[PDB]
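This document opens with one chain alone, in structure tokens, the form deposited without adenosine monophosphate.
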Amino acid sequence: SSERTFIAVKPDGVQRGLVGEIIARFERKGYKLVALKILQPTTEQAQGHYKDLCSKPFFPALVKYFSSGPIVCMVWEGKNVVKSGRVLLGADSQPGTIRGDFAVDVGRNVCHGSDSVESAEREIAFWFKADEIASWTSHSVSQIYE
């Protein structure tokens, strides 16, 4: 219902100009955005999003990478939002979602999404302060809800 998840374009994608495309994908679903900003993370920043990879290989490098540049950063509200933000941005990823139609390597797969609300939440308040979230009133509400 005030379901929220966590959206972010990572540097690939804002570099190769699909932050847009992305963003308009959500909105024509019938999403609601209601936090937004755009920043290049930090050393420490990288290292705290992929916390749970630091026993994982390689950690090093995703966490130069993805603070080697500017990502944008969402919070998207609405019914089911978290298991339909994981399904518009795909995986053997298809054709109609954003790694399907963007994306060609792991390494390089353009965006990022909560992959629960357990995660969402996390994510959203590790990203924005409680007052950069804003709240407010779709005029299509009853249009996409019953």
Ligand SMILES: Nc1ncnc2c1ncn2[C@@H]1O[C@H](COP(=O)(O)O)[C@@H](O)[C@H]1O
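Under this definition, the rigid core comprises the largest set of C-alpha atoms superposing within 1.5 Å between the forms. Residue numbers count along the first chain shown, from 1. Compared with the form solved in complex with adenosine monophosphate:
- Just one of the listed positions, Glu44, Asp52, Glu27, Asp105, moves its Cα by at least 2 Å between these two forms when the rigid core is held fixed, and it is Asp52.
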Second form
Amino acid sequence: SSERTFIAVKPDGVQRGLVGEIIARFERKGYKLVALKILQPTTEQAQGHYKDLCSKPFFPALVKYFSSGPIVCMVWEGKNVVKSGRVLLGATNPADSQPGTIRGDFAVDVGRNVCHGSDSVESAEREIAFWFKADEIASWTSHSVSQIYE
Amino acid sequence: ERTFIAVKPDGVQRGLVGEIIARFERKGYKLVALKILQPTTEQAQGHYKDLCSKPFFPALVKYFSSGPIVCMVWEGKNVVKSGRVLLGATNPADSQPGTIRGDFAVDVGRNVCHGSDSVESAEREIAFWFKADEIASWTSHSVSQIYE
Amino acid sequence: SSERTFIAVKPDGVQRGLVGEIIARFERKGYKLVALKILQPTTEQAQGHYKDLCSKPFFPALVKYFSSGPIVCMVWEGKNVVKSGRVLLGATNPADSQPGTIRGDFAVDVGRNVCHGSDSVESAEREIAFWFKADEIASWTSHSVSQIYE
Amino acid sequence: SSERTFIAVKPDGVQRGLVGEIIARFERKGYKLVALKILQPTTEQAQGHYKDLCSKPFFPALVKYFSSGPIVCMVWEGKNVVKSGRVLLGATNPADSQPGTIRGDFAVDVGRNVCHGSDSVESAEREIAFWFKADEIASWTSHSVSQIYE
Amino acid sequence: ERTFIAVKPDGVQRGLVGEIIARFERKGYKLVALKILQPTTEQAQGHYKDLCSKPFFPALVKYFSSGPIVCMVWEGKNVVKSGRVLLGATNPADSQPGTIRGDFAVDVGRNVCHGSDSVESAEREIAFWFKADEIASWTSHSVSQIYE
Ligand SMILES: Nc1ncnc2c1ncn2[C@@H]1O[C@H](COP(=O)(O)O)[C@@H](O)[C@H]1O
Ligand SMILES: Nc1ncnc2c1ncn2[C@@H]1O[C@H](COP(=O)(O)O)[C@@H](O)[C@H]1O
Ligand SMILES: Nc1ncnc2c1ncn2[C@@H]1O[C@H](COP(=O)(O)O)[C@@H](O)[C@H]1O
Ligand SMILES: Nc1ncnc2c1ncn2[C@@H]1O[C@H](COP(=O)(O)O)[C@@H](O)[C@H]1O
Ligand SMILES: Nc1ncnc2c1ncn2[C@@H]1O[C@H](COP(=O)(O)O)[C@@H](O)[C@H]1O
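For comparison with the form deposited without adenosine monophosphate, kindly provide the form solved in complex with adenosine monophosphate.
The complete assembly is shown below, putting the previous chain first.
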């Protein structure tokens, strides 16, 4: 329940006006917003974010797109956020995603797949650590914590 | 790629035209043809040519012709496959919440909407329903946010 | 009572994927769809429709705007649809528009004001004669009439 | 003009899961997110922000409240965002608020009134300077600007 | 304060119950009682006491007893006045979008829902429709988020 995950609205998501929608679905799922900001990534911020993918053929086109406009970074906290965050976002390739998920409802191409979520806790610690200073992460208690968790 | 999508008479009656169009809009697809009309007997029959041997066929044809449908064409990369996924499984009883039939329907006989099963059936229903006259050619300002 | 009105989502409304949102609003209200099409207006159509105001300084830009891409035209039928239709759209200038109306929720610029409604009965017969083949207007009965009207 | 406004989800807004809904209304309206932040104000930030109200009797409860947990600060850019942002939000006192506005749909008590928007372009510049480093402010062009502004 | 809200027979037929309940929840008010019954004629007459003078009175009474309604009772500071602001003007033609009658209704004879005029009318409508032990006593875990 101390578990955190990192979520990003990619440039296509911000451009397309989906930021509110993505945040509302995490809110209503019962997860806690703990960090939040908007920036345009430099390409080195890009390369470092996608380290897991540096060896892939699509890596430069991805780094090029990710660094091309403002993204919104966010940190979410809760029992199982990482796994659920990924469930909420739907398959990485939209073509595989079910209606009801972010990509399922909103995306068509894996190059414009709207949003990003850490694939594991560990990646999450890394991506949280990479984008936010520890001074940037608020610490609070949801008044509904006990309506949501046992 | 293009697909034919229709809201059947039960969907028009139940005020779901706007909802189904919003989900195609919000998915990134591009609307290109549009109209509302009560099909004749003939039009129903001819529309469903591929199910003439089925036993539910005449109930089907009479139902499709009892009121307005709304026909549409949507244009996009994979619209046909993706249009069917949006609508949900044909028999609502197998449809997942999140889909049109999943949120909105109970009975395969009142399953709210129709979508072309393949590109060949798509080009045929489009041409069955629309004159070239009526199909708009335009470029969405958002193409580069949706496709690579 | 009557009565029919003409609604068009204009090129900015069509580009911003607001077509369904507008239709749903007239549906939830209880009104009846009777005609529907998507077309790019020719410059001459635009002028025919904005005819009453050929002598406006803004008219040439309107005309140019209104025919720069596809609009969605509609006909709605029911007691007091003309007035009640203008109410759903909100005031012509989006700055005077209350939230909850179409323009209130979606527009900023008169001139990029998302949608048009007939200003009166007379105007609605003029607009519906203009844009629609009268032998292509559905006539059907809503299974819910006695739920919507006394 | 293109003006900027500062909007702030207060602590009750955050606790009630209303951050997404609010952001989404500014998006659908056509305005542009330019800075975003989640932090718990200090007792000193709270006075700073509400400085021109220090004399009113509720100020101490206000200030305590405002600093009782996290807020979400934002900056929005667009022609009229200040006038419009107040309109979207609704009367400061929710009892005077109309359904359709944030306070109208969501709030009951002026002391728990969900969110805050600059009362003027003058005050927006004070609020924006106060909460955001000028480099916390993205600079970017929406792909839709021509659809929203004529 | 408490008020009485009823979704009328047109509101129920048209599936607006949830919509209506959700608008009260999101505002912050606390649901305290709830039932579906078809009103008897006597019950309709009784509820509509004050309006016995009106030429529309027999229509209303026939109508309000023609199907099930949904009765509710809501609690919170200022619910009586705010309940009615959420409903919209009594005549939908005067209603603004954003309100229940503004978004959903066209005709005053089918104005979807009812809310109490005043605290005395609410206290009256609540004893008429509800027995005292149909009325739950609880405390929202959010009471502090809504009231100072
Ligand atoms: N052009 C492309 N071809 C194939 N896969 C891609 C392409 N662009 C991006 N990807 C995917 O982008 C994902 C990167 O993580 P995420 O930020 O979750 O989208 C990878 O898992 C890739 O499969
Ligand atoms: N009464 C029925 N019993 C069984 N299947 C039906 C019945 N009515 C319609 N169908 C189905 O209707 C579908 C036709 O395509 P669509 O235009 O999507 O409805 C077929 O896949 C049939 O299985
Ligand atoms: N540049 C402009 N300046 C002022 N008013 C405009 C401008 N462009 C369009 N309009 C308005 O557009 C309206 C036309 O109505 P509609 O069919 O609803 O778009 C008129 O009432 C004008 O006031
Ligand atoms: N207890 C209270 N009584 C009256 N007004 C209040 C009270 N608490 C807060 N306010 C209002 O809070 C407003 C502050 O502006 P805003 O940041 O827009 O909420 C003031 O104008 C006051 O009207
Ligand atoms: N001509 C009419 N036909 C039916 N109902 C009417 C008519 N004129 C007014 N009403 C209203 O029907 C309403 C029903 O009350 P309410 O509980 O607010 O729905 C009354 O408040 C009357 O004002």
